[PDB]
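Heads up, the chain below is alone and in the form deposited without the named molecule; it's given as structure tokens.
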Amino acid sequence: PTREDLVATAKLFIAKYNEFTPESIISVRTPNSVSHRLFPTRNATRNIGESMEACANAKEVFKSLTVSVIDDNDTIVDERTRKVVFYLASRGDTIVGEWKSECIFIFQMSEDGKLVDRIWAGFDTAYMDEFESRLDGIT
């Protein structure tokens, strides 16, 4: 698959992910696909079923979510390994208010470049801890 094919599938993943339902967020993944969280403090690996469950729980907190590529010129594409790297802004409306952060997403596409076979997500882990403290303060 071409560089443009690979970025296209990654942008489709992002679009479905912004719909943020258990079905939409696996919409563009292979059946054996795995989702990794980077960094020791939030280490995690989720197959298709755990990703759906995770999204269902998150929906209790996140009313709507928009992740967007901050600059398409910053996107990294490796045609040999079928990987795309996005640096994304994340904006959310939540039960404790505004969510505003940035994250790095890495996608490895399937052999035909049409599905996402593997994801690595790198979040601002200090911001996540600060958000969890906000959740701990509902009255």
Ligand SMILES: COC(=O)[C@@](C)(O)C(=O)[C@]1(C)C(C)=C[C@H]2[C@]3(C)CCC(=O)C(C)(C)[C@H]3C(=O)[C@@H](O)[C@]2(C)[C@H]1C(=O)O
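Only residues modelled in both forms are compared. We call the rigid core the largest set of C-alpha positions that still match within 1.5 Å between the two forms. Positions refer to the first chain, counted from 1. First, how it differs from the form deposited with the named molecule bound.
- Listed in sequence order, the runs of at least 3 residues with C-alpha movement of 2 Å or more between the two forms, after fitting the core, amount to a single one: 136-139.
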Contents of the next structure:
Number of protein chains: 2
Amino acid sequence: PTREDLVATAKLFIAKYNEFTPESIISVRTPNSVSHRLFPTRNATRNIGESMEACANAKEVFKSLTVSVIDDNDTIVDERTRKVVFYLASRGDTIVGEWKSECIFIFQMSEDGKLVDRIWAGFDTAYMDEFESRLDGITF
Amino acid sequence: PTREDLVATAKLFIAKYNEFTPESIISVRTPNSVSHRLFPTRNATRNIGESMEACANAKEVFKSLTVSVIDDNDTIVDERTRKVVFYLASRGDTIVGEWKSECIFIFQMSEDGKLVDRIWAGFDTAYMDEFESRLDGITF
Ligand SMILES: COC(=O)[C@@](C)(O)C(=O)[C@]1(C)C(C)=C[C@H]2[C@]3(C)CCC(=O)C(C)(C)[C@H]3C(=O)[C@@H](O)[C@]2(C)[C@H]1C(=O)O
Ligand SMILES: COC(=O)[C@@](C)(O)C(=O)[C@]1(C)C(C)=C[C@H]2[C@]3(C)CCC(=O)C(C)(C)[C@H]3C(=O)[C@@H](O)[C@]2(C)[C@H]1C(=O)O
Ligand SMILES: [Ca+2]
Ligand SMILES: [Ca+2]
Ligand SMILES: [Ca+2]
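Alongside the form deposited without the named molecule that was just displayed, please also present the structure of the form deposited with the named molecule bound.
Whole complex next, starting from this chain.
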């Protein structure tokens, strides 16, 4: 797969991610793919089934959620390891107020370049902690 | 510059980073180089002079620092943009005890591949907040 092939798959992943349904967030992934969350305070690993479960749980909190590659000039592509790095803006509305953050996604594509075989995601963990404290403070 | 050229310069940057003096942390950088932070919550941008001063400040807290590539197999190299990505463990001896975290470093090398022209660093921002809370607890 060419540099452009790898980026196109990563951009398709993002397109389907922004549909934000359990069906759509798996639709550009290999079935044995795992999704890693970077940094010790938020470290986690999710297979396809756990990813769909996480998406459905997020949908209980997020009324909407969109991510966008901020600048294609930031994008990093390693043709030899079939990896693409995006730096993304994430934006949404939730039951505890606005979500606004940025994150780094690393994709490793399948051998044919057409699917995401592994994901690593680096979030703003302090922001996640603040958001969780808003969730943890729900009262009626 | 080849793939091996780029990794070598990045690895030299890390070695001199771990020496952790104001001169050593700029020794592998171009004169106009800029260091960026990823993530809104600890967003900072520093030129050479600002990086030296920040090192001197940090040395008041960090007695010793070691960042190390966790897995060379995870390293990302983009020959076209001259970029290298490391996922690093960070380990520190500080005035409030042990520092232990992980971070992602992105380097963009100069045209000849011998210096670091631009740096982006993604830290565990929740852990940075936890550490500052430890610092703010110093009691005589
Ligand atoms: C961590 O990588 C991911 O985003 C994916 C590829 O693993 C996901 O499919 C998951 C299920 C999806 C759809 C969304 C994220 C978020 C809700 C996206 C918005 C966010 O920035 C936050 C940090 C709130 C995300 C998460 O909490 C993510 O852990 C999930 C739920 C994500 C997952 O796999 O962890
Ligand atoms: C990404 O770190 C860098 O490249 C720079 C330009 O920000 C730096 O030179 C500084 C001076 C250096 C040497 C170290 C960092 C750290 C102490 C590295 C270890 C860390 O994990 C932490 C997060 C505690 C770092 C920081 O706090 C950084 O602010 C500094 C001290 C960094 C700087 O301030 O610029
Ligand atoms: Ca639920
Ligand atoms: Ca909680
Ligand atoms: Ca303080």
